[PDB]
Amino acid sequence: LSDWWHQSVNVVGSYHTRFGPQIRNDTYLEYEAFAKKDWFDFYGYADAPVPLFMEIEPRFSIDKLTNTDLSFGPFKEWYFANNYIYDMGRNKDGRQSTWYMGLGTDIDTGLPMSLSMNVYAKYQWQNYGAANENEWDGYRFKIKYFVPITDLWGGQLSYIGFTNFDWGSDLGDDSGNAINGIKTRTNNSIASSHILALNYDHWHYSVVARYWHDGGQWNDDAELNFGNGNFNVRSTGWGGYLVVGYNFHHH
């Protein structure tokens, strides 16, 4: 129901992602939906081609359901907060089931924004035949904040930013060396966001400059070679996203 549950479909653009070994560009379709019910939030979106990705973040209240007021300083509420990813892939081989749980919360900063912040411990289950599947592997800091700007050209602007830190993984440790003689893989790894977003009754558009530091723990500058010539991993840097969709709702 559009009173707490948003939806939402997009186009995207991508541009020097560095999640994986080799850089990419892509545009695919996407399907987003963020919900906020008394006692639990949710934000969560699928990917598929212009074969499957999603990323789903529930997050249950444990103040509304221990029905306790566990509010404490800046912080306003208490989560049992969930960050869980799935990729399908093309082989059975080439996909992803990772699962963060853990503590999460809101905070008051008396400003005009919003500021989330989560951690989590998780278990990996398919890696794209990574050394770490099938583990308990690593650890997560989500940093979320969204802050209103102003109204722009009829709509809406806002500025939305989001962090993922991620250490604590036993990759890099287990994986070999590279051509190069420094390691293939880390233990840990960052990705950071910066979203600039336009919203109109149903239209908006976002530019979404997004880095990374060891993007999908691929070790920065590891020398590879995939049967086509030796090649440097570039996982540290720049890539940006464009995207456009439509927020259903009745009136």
Given for the second form:
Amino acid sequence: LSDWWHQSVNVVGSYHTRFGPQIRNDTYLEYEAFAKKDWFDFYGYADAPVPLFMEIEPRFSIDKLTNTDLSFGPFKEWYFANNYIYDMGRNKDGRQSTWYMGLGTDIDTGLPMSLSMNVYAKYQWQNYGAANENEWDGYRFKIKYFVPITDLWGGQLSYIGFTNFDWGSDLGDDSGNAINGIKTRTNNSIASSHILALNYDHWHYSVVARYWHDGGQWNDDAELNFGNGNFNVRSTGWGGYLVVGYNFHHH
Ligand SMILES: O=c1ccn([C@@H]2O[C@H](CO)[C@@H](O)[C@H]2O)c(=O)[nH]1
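Moving on from the form solved without uridine, kindly provide the form solved in complex with uridine as a structure.
Below is the entire complex, every chain and molecule, led by the chain shown above.
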């Protein structure tokens, strides 16, 4: 229902993406959905070519469900938080199923913005045949914030930022070394996103600057050779996205 459940279909063009071994620039369709209903809030998206990648973020209110104002300090509410990533891949081989679960919260900064924090433990299933499949591996700290800027060009300009800090993974330790000498993978990783979004009644535009540090836990500069000659991984650095979409809702 339009009241709480918000949907959108978008077209996305990316440039200098860094989640994998080699840089990528892709375009694709995307389904988005956000929701907030007393005991549960949710965000997620599914991406598909010009096979299927989806990431959901469902959280459940410990307060609401426990029916016990756990409020404290700047912490308005507490949640059983989840960040689950699924990549179907072209082979049941090169696919991924990642489940982050933990404690989350909403901070009240007394400023005209929203700020949330979450820490998760993770269990890995498929991971493109990597060394850390099927086992509990690594942790993640997710910090995201929403800040309404102003009205611009007839629409509402706002800013969105969120970052995913990953550490404690055993990958990298358990992976080989590169032609390069240094290790191929990484025990940790950071993916920070900065978004400038223009929203009209239905259509919306967003520019996204994203910075990676050992993207996809690929140790930056690792020298590999996939059968076309040697090359160097560029997992640390910037990349960006352009997103145009349409949000549905009956008047
Ligand atoms: O953890 C993630 C999150 C996003 N993406 C890529 O970035 C696109 C949009 O975020 C997704 O379709 C996916 O390919 C990843 O590779 N890994």
